[PDB]
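K.L.:
Each chain, letter by letter, is given below.
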Amino acid sequence: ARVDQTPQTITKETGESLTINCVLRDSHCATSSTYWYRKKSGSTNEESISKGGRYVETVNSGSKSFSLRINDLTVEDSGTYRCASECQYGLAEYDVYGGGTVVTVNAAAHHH
Amino acid sequence: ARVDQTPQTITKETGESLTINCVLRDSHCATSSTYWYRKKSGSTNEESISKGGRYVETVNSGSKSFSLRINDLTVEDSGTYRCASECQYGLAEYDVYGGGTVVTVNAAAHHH
Amino acid sequence: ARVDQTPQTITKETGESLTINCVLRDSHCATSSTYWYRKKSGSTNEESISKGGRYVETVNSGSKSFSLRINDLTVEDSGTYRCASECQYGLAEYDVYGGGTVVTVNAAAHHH
Amino acid sequence: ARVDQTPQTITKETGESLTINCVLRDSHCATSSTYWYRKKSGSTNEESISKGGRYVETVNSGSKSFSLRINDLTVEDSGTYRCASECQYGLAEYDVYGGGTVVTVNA
Amino acid sequence: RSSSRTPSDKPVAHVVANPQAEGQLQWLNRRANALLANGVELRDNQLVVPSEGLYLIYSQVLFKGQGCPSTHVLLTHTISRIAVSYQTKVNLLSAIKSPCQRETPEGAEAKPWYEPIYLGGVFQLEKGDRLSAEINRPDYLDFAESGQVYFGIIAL
Amino acid sequence: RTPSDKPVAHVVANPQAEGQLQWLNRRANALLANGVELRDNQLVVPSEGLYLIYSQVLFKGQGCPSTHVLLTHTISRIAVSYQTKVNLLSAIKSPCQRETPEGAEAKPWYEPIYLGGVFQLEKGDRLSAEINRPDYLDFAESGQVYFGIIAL
Amino acid sequence: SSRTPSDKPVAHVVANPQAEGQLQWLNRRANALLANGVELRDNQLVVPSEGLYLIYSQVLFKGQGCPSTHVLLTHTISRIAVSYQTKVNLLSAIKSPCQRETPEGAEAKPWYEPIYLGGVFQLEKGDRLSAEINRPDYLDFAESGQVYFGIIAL
Amino acid sequence: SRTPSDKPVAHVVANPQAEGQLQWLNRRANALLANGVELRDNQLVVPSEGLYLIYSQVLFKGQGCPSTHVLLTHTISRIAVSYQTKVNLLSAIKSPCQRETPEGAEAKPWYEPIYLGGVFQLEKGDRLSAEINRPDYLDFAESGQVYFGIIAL
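Chains as they are written, first to last, in this note's numbering: chain A, 1 to 112; chain B, 1 to 112; chain C, 1 to 112; chain D, 1 to 107; chain E, 1 to 156; chain F, 1 to 152; chain G, 1 to 154; chain H, 1 to 153.
It is possible that part of the hints are untrue.
Computed footprint of chain E on chain F, listed as stretches where at least three residues anywhere in the stretch have a Cβ under 8 Å from a Cβ of chain E [stated by the list, open to error]:
#1 1-12
#2 68-80
Only part of the chain B face toward chain F is listed, based on derived beta-carbon distances under 8 Å [stated by the list, open to error]:
#3 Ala30
#4 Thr31
#5 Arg38
#6 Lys39
#7 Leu91
#8 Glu93
#9 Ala108
#10 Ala109
#11 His111
Keep in mind the hints are simulated off the structure, nothing from the lab. Backbone N, C-alpha and C define an ideal beta-carbon position, used for all residues, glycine too.
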């Protein structure tokens with residue numbers, strides 16, 4: 001299937017850093033027009049992740065794969081994250097999607 | 001080991017096809033500008049093999065490997081073959097080499 | 001919203017051409033008396049762009065829209081460009097403004 | 001095992017004092033040749049903590065344990081502190097380490 | 001709060017690879033269940049024989065890769081000797097192994113291959129001979145766990 | 001009082017390091033600042049650019065044996081692009097021509113080696129100055145063995 | 001990949017390993033540089049702009065036995081400038097590798113001698129620098145970074 | 001003079017007409033000394049605090065060393081305003097004669113070079129000096145055989 005997200009379900013803890021990778025399968029899609037979307041758990045609007053600061057995006061052109069490392073993890077960054085890419089060959093323009101869910105757990109629980 | 005020519009010593013008979021493979025290990029070298037040099041046994045010339053016809057060159061950027069298939073082998077195609085690639089990062093520009101020798105025997109030509 | 005600059009954030013390369021479009025929303029402002037002002041990045045004094053040479057203007061009174069194409073782009077011409085128009089109906093005469101910033105990156109110089 | 005750091009993750013405020021305990025499980029390692037190393041948060045320049053002043057070291061030979069009291073905590077005293085010991089039995093002599101993170105929030 | 005009265009022996013060494021040595025094979029001796037005693041010294045990642053005699057040389061390395069994107073990869077492992085009588089690198093023990101015989105993980109990946117290589121033999125060594133265990137591709141080392149890569153000699 | 005500068009390092013051999021080459025930085029007339037870290041006897045380049053790498057070693061021995069010792073000294077580089085130790089600078093020196101003194105013993109010999117050059121380094125590259133025989137080191141007096149890089 | 005642009009005249013050339021009895025300088029090899037205007041013409045570096053440069057070179061000599069009488073090993077970096085078109089020595093060193101011991105019924109033994117030169121100089125545009133040795137038949141370029149030659153504009 | 005150029009700089013070479021002494025000169029062709037560097041008593045005086053590159057080479061020549069007990073030294077030292085004692089920054093020793101002394105033959109000219117270089121943080125008023133223990137074995141015959149210099153990085 002066009003575009004294969006590798007990290008399906010992740011459960012990292014508050015204060016960490018997760019990278020989600022996507023691999024392109026259609027030789028018409030380009031790693032140049034890549035986009036990322038987050039959907040905060042409990043709401044429906046899918047927001048567009050802005051690449052800067054906590055959201056850094058890497059690319060590997062040989063295998064046509066791109067990834068998105070998120071640092072300084074908080075507990076409000078739990079949601080369904082998708083990657084996207086724009087494909088265009090002749091008289092055709094379309095886009096492709098994937099899927100991968102995040103759960104970030106917090107701390108405390110000092111068992112006394 | 002900065003590009004690795006794999007078939008070091010090969011021995012084929014007149015009328016064949018030998019494949020010589022090289023894989024890049026330097027992450028600065030590109031599979032786009034590749035050159036091949038053959039040195040005919042007994043002379044030190046290292047003339048440049050051309051890409052076309054009897055010399056077919058297969059390039060694959062995914063595994064960063066290139067090969068040079070030689071078909072209709074004669075006994076005049078016996079020598080030490082090298083592969084080459086052009087590397088470039090910052091202010092540095094260089095090229096890389098390998099090594100591998102071929103020995104071809106004839107067919108004895110059975111006379112009726 | 002009484003004059004609308006379309007390209008808010010632009011990133012062009014040295015040697016390119018950016019077009020900024022402004023559309024009139026007040027039917028009292030005229031596409032004939034339009035003015036442009038730029039503020040060079042890091043400086044406070046706002047300078048007035050002159051009509052000639054590098055600055056070509058396309059005006060269409062039918063749609064009440066005017067544009068300013070900027071050619072031969074350098075890296076020192078990055079700043080906030082605003083458009084302006086002169087409005088006059090009855091006893092009133094006023095002007096209207098916009099906003100839009102340009103950032104230019106350089107192209108280095110291949111040193112062999 | 002091979003030395004056990006007890007306070008794994010601690011979070012204290014500027015101006016306080018944290019104690020880190022390490023317990024020997026190898027009966028060949030000695031509480032006499034103990035060493036301490038700090039790594040400031042987000043930097044791989046693991047340095048050797050010196051024994052003196054704000055850094056006081058307590059050894060108890062009976063329970064095979066040594067600890068490291070850190071006083072006057074600042075906002076720059078946030079990192080990962082590891083303990084070490086020198087072991088020696090017959091023809092073998094080696095050392096052992098632990099692991100445990102410190103984060104200090106400033107007021 | 002214990003007592004020890006244990007004896008000693010003859011030149012011996014059993015060194016283990018460095019786990020925190022990024023993409024490299026650094027030999028260590030100051031780690032649990034490792035030996036370097038009775039005169040065997042480790043200089044430049046090389047063991048220096050302290051006395052002439054009959055020795056047993058052995059070494060194992062574990063190779064791991066996270067995919068086979070090349071049907072033309074060669075893994076080798078050799079214990080060589082540069083001697084005081086002949087100051088040239090000569091191979092005592094050698095082995096070659098091809099880790100990837102298939103036609104590369106062209107679809108899905110995550111196929112970690114593990115290929116170990118073991119060497120062993122008895123040799124006559126002289127004082128000052130420098131033994132070295134080496135591999136051709138130090139980027140495939142699996143030193144993540146303990147006792148996966150090692151190298152040692154023992155005076156018989 | 002005067003502002004710092006750029007990535008710099010000048011590390012010196014450890015005098016109380018029995019028969020081994022451990023590089024030190026917290027000793028008089030030594031530097032290690034502006035991002036350069038000394039990890040496991042290795043210098044880590046913190047930023048991409050052109051660097052000048054140099055090192056000197058002094059070898060001293062108390063006599064010429066028959067083994068015929070070969071003294072080597074090399075500064076090698078492991079890059080993120082090519083994960084193999086490759087030599088940037090190297091030198092070899094044979095100290096003993098003598099036919100092993102059989103009556104005039106001792107007689108201390110001294111042999112130095114100096115290496116220096118300019119190279120382009122990348123972020124995270126690890127430079128290492130090493131020698132084959134760390135048992136002939138003369139770290140007795142100050143600044144006889146050292147190793148350093150400087151961002152030009 | 002790409003991180004920082006970098007600049008100024010620099011050159012670090014290394015001897016050709018497939019050369020016999022000759023010190024041929026190469027630039028298109030792994031850790032060698034020749035950029036920002038410095039030209040390599042007739043086995044010579046051509047300074048592209050005036051300024052203060054750092055000049056260095058190393059040479060490694062090896063022979064497998066001690067020869068007869070005294071052999072002298074030389075290593076010099078010279079400069080021919082547009083201002084004064086005569087080659088003058090900037091850096092020089094001489095080294096005696098074979099101290100008597102002329103083998104007469106005794107075993108041969110390989111000797112190694114390195115020589116290093118370095119200094120700061122003011123060069124002008126068009127100056128032609130060359131590092132050379134007197135006996136290119138004792139060169140040991142069998143390993144990497146044993147013989148090299150370079151300049152950098154400070 | 002055309003283009004300015006700057007930084008404290010010095011590249012001084014030994015005086016050929018001194019014989020048994022190492023006198024540093026700057027007024028001789030390809031030699032430099034400008035932008036504040038002072039040469040007092042064969043000593044270079046730092047004009048400003050900062051990072052410097054220090055280097056020096058010496059060439060020794062003797063006519064068939066008859067004495068096994070020969071020791072050649074070359075060191076660059078620093079006397080600073082903060083700590084008023086001479087300490088060596090860079091040092092090297094070389095044994096030119098490995099006992100092998102000419103017995104029934106003629107002289108044997110030996111040449112031994114020594115090179116030193118390193119980067120240091122120097123302060124204002126610091127006195128650098130390159131010195132040798134055997135100034136009678138100095139070979140300043142040719143041109144770039146003996147020198148000493150610094151450049152402000």
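K.L.:
Decide, hint by hint, whether the structure agrees.
P.N.:
Going down the list of hints, with the structure as the test:
no.	hint	result
1	1-12	violated (count 0)
2	68-80	holds (count 3)
3	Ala30	violated (12 Å)
4	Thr31	violated (15 Å)
5	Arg38	violated (27 Å)
6	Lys39	violated (26 Å)
7	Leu91	holds (6 Å)
8	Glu93	violated (11 Å)
9	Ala108	violated (46 Å)
10	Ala109	violated (49 Å)
11	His111	violated (55 Å)
In summary, the structure is inconsistent with hints 1, 3, 4, 5, 6, 8, 9, 10, 11 from the numbered list given earlier, while agreeing with the others.
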